[PDB]
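Encoded as structure tokens, the following chain is the form deposited without the partner chain, with no partner shown.
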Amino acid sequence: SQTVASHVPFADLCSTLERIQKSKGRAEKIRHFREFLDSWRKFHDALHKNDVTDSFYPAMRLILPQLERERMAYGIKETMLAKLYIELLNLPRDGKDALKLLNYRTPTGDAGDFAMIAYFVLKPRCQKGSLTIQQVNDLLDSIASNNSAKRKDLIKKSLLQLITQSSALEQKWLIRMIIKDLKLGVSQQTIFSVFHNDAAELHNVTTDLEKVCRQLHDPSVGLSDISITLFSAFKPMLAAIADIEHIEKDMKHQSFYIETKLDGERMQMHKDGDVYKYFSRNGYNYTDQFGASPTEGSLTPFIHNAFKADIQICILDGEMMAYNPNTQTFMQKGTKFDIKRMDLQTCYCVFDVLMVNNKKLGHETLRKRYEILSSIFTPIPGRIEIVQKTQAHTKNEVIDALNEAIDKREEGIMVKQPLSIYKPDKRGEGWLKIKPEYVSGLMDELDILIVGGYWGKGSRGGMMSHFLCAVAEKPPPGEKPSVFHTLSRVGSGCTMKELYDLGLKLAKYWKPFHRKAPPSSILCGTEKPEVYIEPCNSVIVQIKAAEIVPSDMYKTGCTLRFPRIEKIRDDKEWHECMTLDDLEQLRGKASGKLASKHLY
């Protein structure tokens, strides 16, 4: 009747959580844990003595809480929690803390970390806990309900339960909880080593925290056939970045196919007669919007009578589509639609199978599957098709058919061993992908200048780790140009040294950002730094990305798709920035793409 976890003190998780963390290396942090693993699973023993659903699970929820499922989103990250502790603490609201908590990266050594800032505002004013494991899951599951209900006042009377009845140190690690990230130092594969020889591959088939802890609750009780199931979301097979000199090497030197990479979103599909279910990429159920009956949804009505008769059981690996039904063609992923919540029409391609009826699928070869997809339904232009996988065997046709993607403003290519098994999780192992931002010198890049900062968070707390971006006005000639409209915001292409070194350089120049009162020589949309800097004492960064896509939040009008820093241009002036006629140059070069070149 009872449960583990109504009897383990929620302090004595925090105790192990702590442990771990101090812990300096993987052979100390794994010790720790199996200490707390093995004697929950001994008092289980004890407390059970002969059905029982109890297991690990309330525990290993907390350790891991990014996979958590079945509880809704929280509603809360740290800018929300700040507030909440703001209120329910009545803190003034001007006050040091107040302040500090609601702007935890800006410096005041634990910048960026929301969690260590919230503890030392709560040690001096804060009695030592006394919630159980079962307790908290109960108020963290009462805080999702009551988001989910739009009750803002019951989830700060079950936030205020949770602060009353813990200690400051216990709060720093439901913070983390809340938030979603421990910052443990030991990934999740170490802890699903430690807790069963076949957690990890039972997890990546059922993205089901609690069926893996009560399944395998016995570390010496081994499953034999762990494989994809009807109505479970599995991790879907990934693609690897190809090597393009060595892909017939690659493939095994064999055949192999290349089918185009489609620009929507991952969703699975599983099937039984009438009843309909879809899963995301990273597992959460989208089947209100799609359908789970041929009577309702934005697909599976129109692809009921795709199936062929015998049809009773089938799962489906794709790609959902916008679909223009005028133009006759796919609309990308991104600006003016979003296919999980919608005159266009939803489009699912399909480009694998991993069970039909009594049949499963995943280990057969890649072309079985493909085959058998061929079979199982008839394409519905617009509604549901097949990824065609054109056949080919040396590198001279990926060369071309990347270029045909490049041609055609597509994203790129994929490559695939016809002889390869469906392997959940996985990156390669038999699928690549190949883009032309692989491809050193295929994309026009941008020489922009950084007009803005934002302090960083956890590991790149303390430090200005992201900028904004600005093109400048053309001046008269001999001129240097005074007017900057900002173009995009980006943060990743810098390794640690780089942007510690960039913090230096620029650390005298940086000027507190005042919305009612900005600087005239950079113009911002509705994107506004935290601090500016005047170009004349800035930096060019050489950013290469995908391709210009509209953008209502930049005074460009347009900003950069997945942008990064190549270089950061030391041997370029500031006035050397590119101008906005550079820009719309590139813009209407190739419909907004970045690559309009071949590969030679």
Second form
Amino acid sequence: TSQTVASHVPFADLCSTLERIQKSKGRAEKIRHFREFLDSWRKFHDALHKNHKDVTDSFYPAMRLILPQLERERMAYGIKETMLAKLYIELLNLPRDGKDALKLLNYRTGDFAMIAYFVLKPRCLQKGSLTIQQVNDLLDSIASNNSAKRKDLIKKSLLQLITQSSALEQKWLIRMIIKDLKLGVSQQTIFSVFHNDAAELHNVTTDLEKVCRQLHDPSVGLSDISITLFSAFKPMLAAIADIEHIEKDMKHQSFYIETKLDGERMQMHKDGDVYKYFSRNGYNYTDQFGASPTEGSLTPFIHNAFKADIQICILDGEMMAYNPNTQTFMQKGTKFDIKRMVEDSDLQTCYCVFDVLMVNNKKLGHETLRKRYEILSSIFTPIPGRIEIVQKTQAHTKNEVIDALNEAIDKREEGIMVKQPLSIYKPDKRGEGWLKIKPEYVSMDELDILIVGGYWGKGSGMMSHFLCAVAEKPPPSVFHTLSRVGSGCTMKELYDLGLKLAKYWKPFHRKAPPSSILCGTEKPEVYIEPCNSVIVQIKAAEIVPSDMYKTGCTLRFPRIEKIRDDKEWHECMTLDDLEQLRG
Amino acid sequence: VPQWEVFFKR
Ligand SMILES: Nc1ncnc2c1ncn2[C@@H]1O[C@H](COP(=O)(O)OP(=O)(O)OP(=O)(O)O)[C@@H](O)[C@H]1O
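Please give the corresponding structure for the form deposited with the partner chain bound, as opposed to the form deposited without the partner chain shown earlier.
Shown next: the complete complex, the earlier chain at its head.
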């Protein structure tokens, strides 16, 4: 009658197993102790359910305490080490000014659980009373009441966990709440011991419960473990690659160079008017983006972009904040508050899709990437700034990838992606088919130089690039150009700077140039008098020889990091400085 | 009804 194994196993039996494992020296011994607990569970299960029919009961109530980091059903506990300290100080009735109280309070980073254990052990002699199931009920209570900001009920659930458990169970309970058990055995090892297929399964369903239920019998595997509709799969990952080796790395055959967006990795699951969104760690973001075309920040706007033949699909991409007025994606690192601006409709959510894993009743994971891309084009018609196919192009040249990387950094992207056209989709696997390339930046990151010129181009107009200079050391009235740098308004402060500078630009005349600003072959469309301009902080990979600038050199992969409006124009970097820097 | 104590501590 709805019976469960967890309802018969003392949490104490779980914690003694954990203790034995943690205290065990070698991998083999650690594994042994786990197999022993597991096997008892499985044999008891068979006994408990021999007569029972169609049972959903499994190792899950234990599994989730053993791998607390993978809990997805329960929301956050919201319990601080310092909050426990206080509860424990009051409850154990410690001298409020004594070493024990203070050691719990002033705890920083011996985990807290151990410090707590050594205070508890002399004082808390009770034998434990709770089943694994009851521990789960109480943890559920904490999470649920956390979500509701019902602090008092939270205390009461905790007080039932503590006063009902032994000292040793509390040490483990604390680790289960912090979600760091410190067993000295990887979660990969845990899955391997549980079932040959546990890890593969977990990668395409970020769900311990399904993993435990479906693989409850060790001696029967699953085949064609695959991405399935409404199951969070772990994203495929890009490995770092040095530019020098790329041609080899892409197997000396054609490859894709795709835009690298720094957003939130999000997967979209679609069946009709029903949508689910999962983040990279397998959390549900459907409340924000929209379950149905009538709800949320995205779904109502993209629902009708899906072509007529499309009833079911699974997409992988990045959520970006798009600025409609400048047609620009906003970078994560800004002084400004992106989520609020998206909620205030100053920015909007844009889904940039680079992959598709299922279309209708058809699984795509084991298709060539090239085939997947073809299919992607058929999935939906893009709407700029809401749902888009990430831009890609074919290439086979190390040369072509530097071009890509140069233009990427120029447009204030932070790198590029390189992908094998024949590669298949491999959940949670890093590298393999996908590489990422970024500049080799050298910590040179604090180049503070003056804006002396600008270039109009794409976007609202607003400027696409700045020309920057260093100061000639005065006995500052003369500057020497050093580099063009991308100006795109990927952060509002660059946009605000533009409005600040607007009234100061002056037409640059090659045949009658200003004296305060000395140029190489690179001339700006407009310039600005130095006393009217602003220092920007520039990150660069290196300084290289160049006749385009007066300094006789320029910056490789430059990028504005900060607007240093906290420094007067005359605080500019000098040639003398730059010379010293090159060494 | 199978009892847990004999499956674990055995
Ligand atoms: N076009 C793309 N195709 C596949 N994956 C991508 C793409 N763009 C971004 N990603 C994933 O998103 C990540 C970017 O996240 P994030 O914003 O942290 O980047 P970052 O901090 O600028 O640098 P890094 O990429 O090294 O983390 C990439 O590392 C990659 O795993």
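Rigid core (definition): largest C-alpha set, two forms, superposition within 1.5 Å. Numbering follows the first chain given and starts at 1.
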After fitting the rigid core, tell me which of 212, 353, 450, 415 has its Cα displaced by at least 2 Å between these two forms. 450
Compare the position of the CA of residue 241 between these two forms after a rigid core fit and state whether the shift reaches 2 Å. no
Once you line up the core, how about residue 379: does its CA shift reach 2 Å between these two forms? no
